[PDB]
Amino acid sequence: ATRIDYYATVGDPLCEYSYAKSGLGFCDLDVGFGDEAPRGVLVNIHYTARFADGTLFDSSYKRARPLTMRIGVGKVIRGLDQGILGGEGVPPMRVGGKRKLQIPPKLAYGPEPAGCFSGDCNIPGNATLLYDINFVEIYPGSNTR
Amino acid sequence: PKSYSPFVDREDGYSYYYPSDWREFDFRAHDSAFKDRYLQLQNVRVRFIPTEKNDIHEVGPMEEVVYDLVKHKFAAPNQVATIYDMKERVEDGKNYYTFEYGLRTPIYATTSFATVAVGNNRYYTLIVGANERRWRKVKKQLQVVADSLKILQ
Amino acid sequence: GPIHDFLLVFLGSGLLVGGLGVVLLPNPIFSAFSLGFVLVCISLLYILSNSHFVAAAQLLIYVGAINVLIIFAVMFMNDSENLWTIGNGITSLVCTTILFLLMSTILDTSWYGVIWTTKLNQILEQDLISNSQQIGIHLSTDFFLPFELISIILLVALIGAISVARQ
Amino acid sequence: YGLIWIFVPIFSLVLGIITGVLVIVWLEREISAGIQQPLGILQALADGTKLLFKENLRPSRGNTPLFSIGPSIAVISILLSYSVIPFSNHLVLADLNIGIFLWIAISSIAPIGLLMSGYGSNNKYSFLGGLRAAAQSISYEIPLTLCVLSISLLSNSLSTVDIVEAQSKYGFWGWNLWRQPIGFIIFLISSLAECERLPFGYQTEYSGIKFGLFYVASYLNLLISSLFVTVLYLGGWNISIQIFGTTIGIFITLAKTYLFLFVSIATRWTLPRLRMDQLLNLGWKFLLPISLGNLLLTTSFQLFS
Amino acid sequence: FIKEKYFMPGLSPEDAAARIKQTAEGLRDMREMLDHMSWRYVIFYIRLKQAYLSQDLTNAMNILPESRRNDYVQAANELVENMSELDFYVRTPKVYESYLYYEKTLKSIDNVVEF
Amino acid sequence: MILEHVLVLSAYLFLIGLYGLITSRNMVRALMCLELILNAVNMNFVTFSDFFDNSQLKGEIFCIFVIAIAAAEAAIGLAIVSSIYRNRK
Amino acid sequence: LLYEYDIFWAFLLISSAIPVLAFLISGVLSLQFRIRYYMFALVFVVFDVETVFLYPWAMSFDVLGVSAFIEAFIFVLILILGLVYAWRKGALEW
Amino acid sequence: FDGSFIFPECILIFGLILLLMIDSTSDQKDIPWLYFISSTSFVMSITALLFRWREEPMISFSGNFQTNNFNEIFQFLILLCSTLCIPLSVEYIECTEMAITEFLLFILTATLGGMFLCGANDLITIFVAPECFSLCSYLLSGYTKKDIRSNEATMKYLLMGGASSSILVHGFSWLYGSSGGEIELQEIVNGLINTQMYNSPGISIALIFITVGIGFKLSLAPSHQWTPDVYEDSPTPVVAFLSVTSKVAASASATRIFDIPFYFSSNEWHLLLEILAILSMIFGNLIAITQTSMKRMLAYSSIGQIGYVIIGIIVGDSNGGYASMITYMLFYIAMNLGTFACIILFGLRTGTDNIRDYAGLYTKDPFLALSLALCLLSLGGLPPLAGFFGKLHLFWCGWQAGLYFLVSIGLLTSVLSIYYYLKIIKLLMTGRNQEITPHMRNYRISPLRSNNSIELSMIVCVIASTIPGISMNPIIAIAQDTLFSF
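Residue numbers (the deposited numbering), protein chains in the order written: chain i, 73 to 217; chain f, 85 to 237; chain G, 5 to 85, 91 to 176; chain A, 24 to 60, 69 to 231, 243 to 283, 296 to 359; chain g, 74 to 188; chain E, 1 to 89; chain C, 3 to 32, 56 to 119; chain B, 27 to 512.
Treat the hints with care, since some could be wrong.
The list that follows gives simulated cross-link-like pairs (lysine-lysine, DSBU-like), each with its CA atoms no further than 30 Å apart [unchecked claim]: (1) f/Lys155 to i/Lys170; (2) A/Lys200 to f/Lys86; (3) i/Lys93 to g/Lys78; (4) f/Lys221 to f/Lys86; (5) g/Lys180 to i/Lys178.
Derived contacts from chain G toward chain g, CB cut-off under 8 Å, selection only [said to hold, decoys possible]: (6) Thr118; (7) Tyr121; (8) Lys128.
No lab work stands behind these hints: they were computed from the structure. Note that beta-carbon positions come from the ideal geometry of N, C-alpha and C, so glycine has one too.
Excised from the complex, chain i in its bound form:
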């Protein structure tokens, strides 16, 4: 619920969510140009993650570095893997690409308050998160393992 870790950003372009069959609200903004997002490698992304009403709780620009995630092998949320690679034929991301995502709680952290360090929690139950992924690059040296 609370602990937004207040980081006033500017916002991102709004666009309608061409939903997926797995419940994922999927929304491409800027199609990348380069190699596809490979299933199993470290990929550097930038993102702004927002709750339902739009409040920001996490962003890679807050820590001023791309986020290095291993996509596909479940190190991340299922919404992230299904909105970066695409399971049900959803188009994957390319390098230098941007993409909006409305992560549903079925794919997001369930009805479980993911992250509860003292009294209050980073994520509330049934959050229906909102990600704004900016795929910046693949990790320059990466393995499919």
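Add chains f, G, A, g, E, C and B to chain i, keeping to what the hints say.
Chains f, G, A, g, E, C and B alone, transformed into the frame defined by chain i:
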């Protein structure tokens, strides 16, 4: 059934065969699971889910049920699931789904000629596996074992 | 069930009194056998933790081999002598402040709130179920560099223990 | 009822091995009477009750915790490893995915009981004798576990029932006699030497029930070593060349362990001690390299399969 | 952090009425792990939610009229014995009986939130 | 389910032994307490693998690696102690 | 998950209570400087580590091809070189 | 699974097999050729690393080893340290009638452990490879076996290093736990947010334990009490090797496990290091003033130099990169191994290491006195020598990034270090026929084997402490292209 044995389970319903003097052993939660005493992942196993259905052609199409059975209910995210061909038969009055997939982790090259069925408020998911390093030699044997699952009342 | 958490608390009481025996006993042979009791309790915790091969390896190498050598060292008693070997005004201070930091960390942290997360990477890939096979494939080829390096560390440790203990 | 059905295997196995160690003492007395030239069945239990009802003889040195617990851990380090033996297709105490590794660890913690027993006895005879007992329990442990490793490599499993069933694929010749006779020899000499049987006290202060605990622990070590020879090498219940399958398989493995006990006591009586110098020269310089040799031979031969 | 939930005071009956629905929706989406046979996480979740239920139901009963309490406690005890049999059949993992008692506890927890 | 208590337990074995590692007259006592610290770290790893990573048993692999390293550490430290007991008079 | 050792825990409880019961019913009723064994155990400790590391490989040797064979060949080659080192030096010597 | 990127390291272990082969056949009849095959193994690994310079930062093993340009540079520096210290102990071993065999093993495998620690990526390898290093370190320190002071010294070294690694690995455990169940540093920070534990007390505890263990492994002034007790007792050549090599490898780690997995908390982290840095700049350079030993005050001066290095650790890759830190570790090797070579030659000819015995060396040996004076002036850095310009690059990056309290304190303590360096240079320039000792009066350069290879590495270190201050642009240009440390 040349070197085979019709292991029947009259309290559960499923009946099928084994290639060649495969032992019996307890799986984590399957019933029979019958490994083969030298190879590790060369085993045939089967279980249930207490469904509320009677036919497998109503819960969904074969080409659409194998997808969410393999990619979402068998294969873990760490492994990629190269789903091979899926085939259909009719035994007595029941459809018969039998398919093939390969769960390739970065290590641990393996595959499985699993089949799936339903009946009597149960959902039979007979899986038979082996290693991908030695699979082409042991393809038809586990094939003719996998299609040999029978349901009876 | 209740046997689980009861046995865990019992092992914890026995293990903390055993560790306090390792620390605050005058006769260090008793401090070596209290250590052995502690390590038995560690192996039982690891069995409680569903790490069976790990508990067997810790029981094999670390009392079956380590406490042997330790008690050999103690019965042939050697001698007596800003983190450093001082005491009675400093080590207890940093011990207590680190302990209170860790109590305000562990107790004040929903670990189950984290286990509800990171679930997609522990859904127990259906093909193998045996713990020691899972350990063997992940020790051999996944973590192949440290698996190759421990052979070298042990070779050098053998060679150095022979270089030292002979003189 | 949530604990009776899980206790009665424990108690039935415990009573089975009590009758087993009684039979071992009886077979020892029988072979000694045969090679040296009714009552005897109760003679062993009479010796047990004689060592039970006796004086304590506790000196004044206050090491009472170690004095009490030394032989206790000596009994634990042998008796906890009876949860492993697959006498038949059923009635094994535990499935125990790591079957034999538990035995390795539980037999390897035995020198801790040996040293605690030697130190609880405040006696300089028992001190040096317990040092020697530790040195021999340690020095034959490595080739023992190496041959165990090679057998688990042949079977590609650690669970004992899996290796027992894997011995019966080629048939009787699929026993590990005809796969690792070298490792078979290693297992013979390690079960005979680590148990302080073919070579060889240190009980000049433990009188009463502690002497009996060391007695029954030594003979239980003999029993578990023989049972392991049967389930690794001689085969558990496989005689290729419902409910009664269990009862004939238990007698098959008991015939095999009686065979091994006969050979063990014969080897004990037909060879004297090794004088503690050839003991270590064998267990380290001679036995360990050849155990590693059979390891390399099976590791190169299982490359095919 | 249950070690401090023992130390912290109990919940309110309204907080209990919220946490019971939380537990209901948490039991809903365990089907992704029952089918995958990830029994360790499943027994963790089951024991934690049983320890929640034990202190939750006896404290949430206080916001209902006495006409509701009879059928409420009936369904609650049926849910508790279903949960205990589920815990037995997963700590002794059998997929059929575990999933059967999973559906049983689901078709009971659907009617606990109703009070 | 108190299963997160072992982590608390781990901290105790991390601290008291460290006191017994810092307040150590003889070297074998200090090494025994070092083994206790490695135990605290190791049971933390095992608990975290039981919690979070059961498919990949990375904390358990780490137990195997750290228990091997602890074996080398005590081996060298007790070779040192035996060499000293030789070189004392 | 508490299935494989649910019988083992009770076995340990009974087998750890029976010495206490035995001593209870028995209470109601009635300077050497030798160093070579040190070195023997000192070579064993690391050899036993190498056994610990070879065990799960052999448990998981079948799913892996010649890769695991060469890994353990390197491992046992290091082991036998340490063994030859113990031969040619005054390690065992008894 | 062809992991060719580790070919510069596998060469070493390949050579190590050959080492044991030479320990197998004849067992006594190979004194110089053993050192020869070891040195050629070092140079073969070096040229293989230079041959594999142009490759991408490709992670070879299954998420376990990143052969970056940064880690490549640090592996090159560790190999340079080993190759410049391998002729330091060709005569110390024959002096203390110890075995050249298995000392070469310990040196080679400590070099191997450092090489792997630089490129290590798993929290397992950031534990195994530092422990290869540390266990070889405890073996190297306790190698003379001529007394009992060095034995208790190296035993306390073993205990405190084990506690150091245990604190570090407790922090790694909290990394592995708070980050779900993830290791492999690049995935660790993703784990801290996949589970939403980036803002947790557990990860702060992980940071504190990790940086405490690193300051132990870097001897930063709070966590530093081991080096004075353990570098006095341990023999001078392995003092040089382990001081320089452990500090450069631990700087590789203190870049790796801080910039990649701990950038999200990089504010708090910085303060920790800053505190330690300030302390390690002050107390070290404030202790060695009043020290009568030589290896001990060299250890404290090394503490001060690493305190200067943490300035380059604190600054990121953008606002003055890690090139200053890299070239200062280069000059630190080049101008500390020379000093330790001179301290070795003063101790293989005189015998002792007390500082009052150095009085009068200018008369007996003008070349050795000149070399030690030039090396110490490089360490202090008054004229355009290596260490002066290295400190200049560090303070340049620090000022540019905006660390004024680091740079000003570092300059104060640079003066404070200049004092004791010239206090040494007082003695080995002065002389009065009684202020010299009876250990300096009988120096005996000529009663020797020949013109050693000790002097070769000594004059190489003197040249590399003099001219690379002048010839610095190539070193800066080859250290600026390490921008892939992230």
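Hints, one by one, checked against the model:
no.	hint	verdict
1	f/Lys155 to i/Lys170	holds, 27 Å
2	A/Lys200 to f/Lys86	holds, 18 Å
3	i/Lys93 to g/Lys78	violated, 40 Å
4	f/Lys221 to f/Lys86	holds, 18 Å
5	g/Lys180 to i/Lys178	holds, 20 Å
6	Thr118	holds, 6 Å
7	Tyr121	holds, 6 Å
8	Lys128	holds, 6 Å
In terms of the numbered hints stated before, the structure departs from hint 3 and from no other.
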